[PDB]
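Starting off, we have a lone chain in the form deposited in one PDB entry, written out as structure tokens.
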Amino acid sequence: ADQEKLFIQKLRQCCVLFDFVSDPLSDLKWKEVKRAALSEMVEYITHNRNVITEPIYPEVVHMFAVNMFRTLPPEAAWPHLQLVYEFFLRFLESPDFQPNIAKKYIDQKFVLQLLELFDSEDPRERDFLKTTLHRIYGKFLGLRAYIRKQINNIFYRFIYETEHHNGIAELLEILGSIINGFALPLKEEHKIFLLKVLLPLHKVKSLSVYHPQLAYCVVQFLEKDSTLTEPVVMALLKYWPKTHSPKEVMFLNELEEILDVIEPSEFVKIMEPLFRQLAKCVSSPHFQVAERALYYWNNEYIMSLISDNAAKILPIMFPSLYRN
């Protein structure tokens, strides 16, 4: 076409990474042109219908790759980077977007380089990456298996290896969306992922950074299959901070969220070792830990579980008042 010609021209124009070393006026002029070009195409692909044709796909993916797939410093050109993120996001979210054509260019190497950007120290960038990968996962069925494995590899390298990662939280938030949409009978690889990966994540000392997201994944797993709650709770009690620390509040938060979605038949399977730990928390030297544990009695659903099993639980919580 003719509009298609100009669109492709502007996309390729944003593939030129220039830098005027000693001419501030020309540098600002150049950076503005690219900023304007990106802004134009963002508005264009967003509000105009039937503008994404087949020749556009290899151009957009290339422009994204050239601009984003870089090396992270241990940014400053974020205004341009955010535009690229927003444009590529409008590209995927468009009603005219056809995965059948795009899967030729959005391949495993693209997904791999996209995942390597999750190690960015910029929270804004990881947020754009979280949204993008979530969209790619849902729109590309043939990539879902590869994505899960690579995310799995990053976690294993974060836990048992030594590689520090800055996007563990953002990655866990993506998984939460995936877990919530699992098939009726959970596959074995999913159960393995819960037991061999998600649970040992509680061991890492930097748990505080990604704990809310980790807890959500664990809970969503139990809402799918309540059978998995016994190895989950027992492992949670294993990884429980032996050294009385304010980090106990996180475990207490996660534990109550688990109890809010637990089955009665599953409750009696782990109620004794749980409330023995809970009893220790009420007797804690740290007030914050005791305050959090005592708040369990306010949970009306837990009370019903306790009342149904008061003969076994009450002697644990109040030894000088009750016996077996």
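Residue numbers count along the first chain shown, from 1. Note that the rigid core is defined as the largest set of C-alphas that superpose within 1.5 Å between two forms. What changes on going to the form deposited in another entry:
Only one of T53, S39, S26, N48 has its C-alpha shifted by 2 Å or more between these two forms once the core is superposed, and that residue is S26.
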Contents of the next structure:
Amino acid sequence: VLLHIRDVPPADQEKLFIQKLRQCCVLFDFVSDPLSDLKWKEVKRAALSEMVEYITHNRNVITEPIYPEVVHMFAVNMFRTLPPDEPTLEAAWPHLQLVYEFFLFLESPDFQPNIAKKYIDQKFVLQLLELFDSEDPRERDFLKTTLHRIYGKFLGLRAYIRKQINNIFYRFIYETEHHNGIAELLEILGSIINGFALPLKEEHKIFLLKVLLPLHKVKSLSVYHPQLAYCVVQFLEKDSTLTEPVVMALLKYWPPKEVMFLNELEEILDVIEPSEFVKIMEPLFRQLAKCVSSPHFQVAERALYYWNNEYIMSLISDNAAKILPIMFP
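Next up, can you give the form deposited in another entry of this protein, since the form deposited in one PDB entry came first?
Below: the lone chain, stripped of partners and molecules.
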């Protein structure tokens, strides 16, 4: 052997359960000799697979002692230093995917976060966040959800996380360092944003203006843009007041991928208060009248689909006076 001596749990006890997590800390080489310890690799694979089918299918098996055992295990496998266009994939996915799966334990009905709070602390949550720079998408996918759960269950870390994400975006926009998991992080925020309490704390108001808007200006914007748009329209929905510098910001940061802008805008228009619309109708339309002409074809068509919007066409009706002359006659 090379990881002790165990087997499926018919026996029923938890001590066995402990030992499996514990020999599942035995790490393997999937990189610098993929062909090593294939029999052992499969064992570890099966064990994780076992533990998963276990924790989902049979209640009151999560229990005070195992919390640190589970965390410790997730710790020992996931927290590692990462390698560096088309992506690199985690050679070790065959293990690491199940460690991802298994840890979602987070979602088991009898997860008591009160016991967990002991082990799923800031030191952890950090190195979790550190892993968002993974080139491998299907890993990021896992982290996105995982970290989501942790936020929604540990009120205790809600604070800390927010700061840490801030400090990523800030370093990303300003400190110029590329940070590689921005579309996932951004999808998180959308749901943190949706849930924001009223009135918007001026801090949130500021993060909009100092972090969320500058993202539009970056070169890779297309790569994370859908999710960026959501955060924006989620703001403009929580407080209808921020429309004024939001739309302006957008028109400044405007160009091709004109289309994405065209999406965000309609999605913005969909939520716009009439009194707030007037604030920007003039500059907005000058811009839009350009797009209907925009030689880039699919730009124009997209600009056209605005006129099919019943609300948008009401807003124009209400103001056809000032808007309509922004076409010819």
